[PDB]
Amino acid sequence: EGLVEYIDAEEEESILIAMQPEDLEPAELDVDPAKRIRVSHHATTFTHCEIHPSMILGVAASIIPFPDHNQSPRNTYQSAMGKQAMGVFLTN
Amino acid sequence: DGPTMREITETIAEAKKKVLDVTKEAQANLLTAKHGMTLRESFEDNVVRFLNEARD
Amino acid sequence: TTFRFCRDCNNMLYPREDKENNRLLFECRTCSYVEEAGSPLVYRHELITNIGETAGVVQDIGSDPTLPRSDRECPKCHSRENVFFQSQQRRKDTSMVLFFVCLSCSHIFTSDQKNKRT
Amino acid sequence: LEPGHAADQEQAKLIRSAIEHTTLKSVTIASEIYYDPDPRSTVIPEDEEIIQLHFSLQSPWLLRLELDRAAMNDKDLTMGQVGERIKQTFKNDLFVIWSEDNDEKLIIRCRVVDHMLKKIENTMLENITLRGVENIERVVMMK
Amino acid sequence: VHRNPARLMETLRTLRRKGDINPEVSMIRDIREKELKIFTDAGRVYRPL
Amino acid sequence: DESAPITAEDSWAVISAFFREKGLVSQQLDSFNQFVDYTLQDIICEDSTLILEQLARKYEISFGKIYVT
Amino acid sequence: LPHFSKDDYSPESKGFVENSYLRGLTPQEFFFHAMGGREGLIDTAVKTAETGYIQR
Amino acid sequence: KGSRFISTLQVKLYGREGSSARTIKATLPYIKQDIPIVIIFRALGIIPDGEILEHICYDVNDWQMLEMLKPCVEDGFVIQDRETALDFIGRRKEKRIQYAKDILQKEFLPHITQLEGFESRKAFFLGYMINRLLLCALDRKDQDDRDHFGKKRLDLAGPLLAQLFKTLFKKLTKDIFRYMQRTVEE
RNA sequence: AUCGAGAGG
DNA sequence: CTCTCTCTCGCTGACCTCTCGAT
DNA sequence: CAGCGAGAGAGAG
Ligand SMILES: [Zn+2]
Ligand SMILES: [Zn+2]
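Keeping their order, the protein sequence lines are chains A, B, C, D, E, F, G and H.
All letters in the first sequence, in the order written, are residues 687 to 714, 721 to 784 by the authors' numbering.
Using the authors' numbering, the final residue of the second sequence is 727, and nothing's skipped along the way.
Using the authors' numbering, the final residue of the third sequence is 119, and nothing's skipped along the way.
All letters in the fourth sequence, in the order written, are residues 1120 to 1176, 1188 to 1243, 1257 to 1286 by the authors' numbering.
Using the authors' numbering, the final residue of the fifth sequence is 637, and nothing's skipped along the way.
All letters in the sixth sequence, in the order written, are residues 20 to 75, 86 to 98 by the authors' numbering.
Using the authors' numbering, the final residue of the seventh sequence is 839, and nothing's skipped along the way.
All letters in the eighth sequence, in the order written, are residues 246 to 337, 345 to 438 by the authors' numbering.
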């Protein structure tokens, strides 16, 4: 259908990407303090929108809970430990 | 505390406003020549120090 | 500088001085054609080049999403839609002077107040 | 600083000026080679104004160098002093006129007294050292 | 070397959307460069967007 | 609703579909499958022919496309 | 970053993280912090190797 | 596809940034000494110096690129015909000229083509490479970086098993040929 | 034995 | 000439512990 | 990778 496209890094240099699909819709106040500060994208045109930010992370990083709230080196250590951690590898 | 958090965000915002004003002055080229360093180097050092002071 | 190659053999012309009437003419070695030189300067060398502060500005360059959009406008276009880039030339001494191109004038307007050249 | 010299911002500026290496390559905006058949009459109008200034008291090809005002302002060097250093290196092989420092545009013109002129221009930009300790590229003032 | 490259790139993008042009093949145009690079090469990582 | 734009919670479903078709080892399987289907036959065909020349004479050996059990 | 517009010298583009660890890093902030941590780990390993040789 | 040989072409701009007489010479893969770019262009058949500079430089106006080219143009003014430029190549006569043409088709820009009649495209690509070299020398554009993931390629299991299989298949093919050569009895 | 890989601090 | 740099071009070095899998 | 150990390679008296 062409709703989605595959981009290489060289093609990525020429494109402009938005993390959140809510960035594109028009934005014509009170805010909860706990929510992290987001800089306005302030960009007219985006060629593409990232499907979800969490996809840049790996499988082990996808395991890690709230790594955005965590410091990154601890995330790396936990990825290695998670490879080391015991688990039922398969049902068979 | 919420009050201290508002002061925190205000401090960060003031640092950002100062950084943007310095950047505008760089764009206007109405920036004093600093001996022994490129003018871009001076801009980078000033912005970096601004952010460091904001965090501290 | 203007570089001239002779038309007959398409090889570079070399400077030559006529002493009796004291003028410079370009003579080519691959073929005997000799001509009068319009420009006084044989060779120039810029230690500091502003050349390339704007490189490859096209009409299509006004459409690319990666390029930023500014509020300011040139007096000639009188249209705000513009593209501002920092100097393409990579130098130890580089000015963070914004160079803007708007499509309707197709004229480059430069943020710096000091220089209005070109 | 020398003993008994404190808060000598001025003297420290002069020391910095004396120690930093300064080259003709550093000060020159642009090197240009014109061919001017007549010593009295040049095609460039600014050079003609310099010629009419030179009413006091060879090769026709000439090298014209444009040097940056801001560099001269930062440096201890003056355009007359720069031309003097060029003359000292040339030992009257070549003759130099300097546009006045008061003039808004400053042209330094050198006529040999075109391969020789080109190689001499390169030799002059790279090899001419003016008011500077050799190995020091930069000096800054601090307390 | 091609003239009017934007129209050709528009057509190429429509073909890739159709799938007539393979989605893996990468087509990159830079206007300053005046350069269009097409890479059918294997082994380049791509992300879906 | 088919006209209305998506949200992030909707984007997770597209992520789901992508993961279902590709799997998490899609690259390994794709490279191997392309190697078996096409690369193997091309490799066999390149430099395939063996030619022995006698002065009197010439024997040629070529290779049909490769079949994988 | 591919999300950032060209020729941006703002601290958010250059990697200044306004948010605290409690509020959470943005994706761009997280990637830049990951770059920093990567340099930290590489430098740590190199420092250990160099200092072992130096001590010997 | 087929045999893959990595080929490295080196274009070098001799002389320091302050030094005079900057010359561009490119070394051929099979030739001990770098030959001037203009000599290579003459060997290619693009004989006029203006044509060579037009291949190298896409825009006629800029003086700096032409000025940098002028020392090389002087170097190539000594050899003004294709036959001599092909002749002065490598170490070892007419066989050298023919081997020079063979080296030009197989070793210079091997990816674009390996056969004759394609010299103009190769010369234009070579001039493009000189143009990029000059853009970096002029400091208008900064040097390309090695650590760019788009330039990096991540070879998977399949292609590596493919090259291993090519090597093994070549050994087996050779062995079959040895068996046939060994015996006419079968 | 060797080599290789991986992992721990 | 000619020792005197002086600008090239070779090479040799760079904490323990525990699996395992191949030879 | 650098230095130090050499050797070409002038070299500026
Ligand atoms: Zn001619
Ligand atoms: Zn305008």
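For the record, the hints were derived by calculation from the structure and aren't laboratory data.
Every residue, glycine too, gets a C-beta built ideally from N, C-alpha and C.
Please note that a few of the clues may not be correct.
Said to hold, decoys possible - Computed far set for chain H versus chain D, every beta-carbon distance over 12 Å: (1) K246; (2) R261; (3) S265; (4) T268; (5) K277; (6) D304; (7) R327; (8) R336; (9) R348; (10) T365; (11) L385; (12) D391; (13) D407; (14) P411; (15) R434; (16) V436.
Stated by the list, open to error - To give an idea of the chain G side of the interface with chain B (calculated C-beta under 10 Å), a few residues: (17) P794; (18) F799; (19) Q811; (20) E812.
So is H:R327 really clear of chain D, every C-beta pair being over 12 Å apart? Its Cβ never comes within 12 Å of chain D, the nearest being 29 Å, so this holds.
Closer than 10 Å between Cβ atoms is the bar; does G:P794 clear it against chain B? Give me holds or violated. With a closest approach of 6 Å, the G:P794 hint holds.
Status of the hint placing G:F799 at chain B (closest C-beta pair under 10 Å): It holds, given that the least Cβ distance between G:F799 and chain B is near 5 Å, below 10 Å.
Beyond 12 Å from every Cβ of chain D: is that where the Cβ of H:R261 lies? The claim breaks: H:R261 does not keep its Cβ more than 12 Å from every Cβ of chain D (closest is about 9 Å).
Would H:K246 pass as off the interface with chain D, using Cβ distances and a cut of 12 Å? Holds, since 51 Å exceeds 12 Å.
For the hint on G:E812, does the least C-beta distance to chain B fall short of 10 Å? Hint violated; G:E812 Cβ to chain B Cβ min 13 Å, cut 10 Å.
H:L385 and chain D, when compared Cβ to Cβ, separated by more than 12 Å: 21 Å, holds
H:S265: least C-beta distance to chain D exceeds 12 Å? Nearest chain D Cβ is 4 Å from H:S265, so the label is violated.
12 Å Cβ clearance of H:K277 from chain D: 30 Å, holds
Assertion that H:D304 lies farther than 12 Å from chain D (Cβ): Given that every Cβ of chain D is farther than 12 Å from that of H:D304, nearest at about 21 Å, it holds.
Per the stated criterion, does the least C-beta distance between H:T365 and chain D lie above 12 Å, as a non-interface residue requires? Non-interface label on H:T365 holds, nearest chain D Cβ at 41 Å vs cutoff 12 Å.
Given as non-interface: H:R336, which should sit over 12 Å from chain D by C-beta: 32 Å, holds
The structure shown violates the earlier hints numbered 2, 3, 19 and 20.
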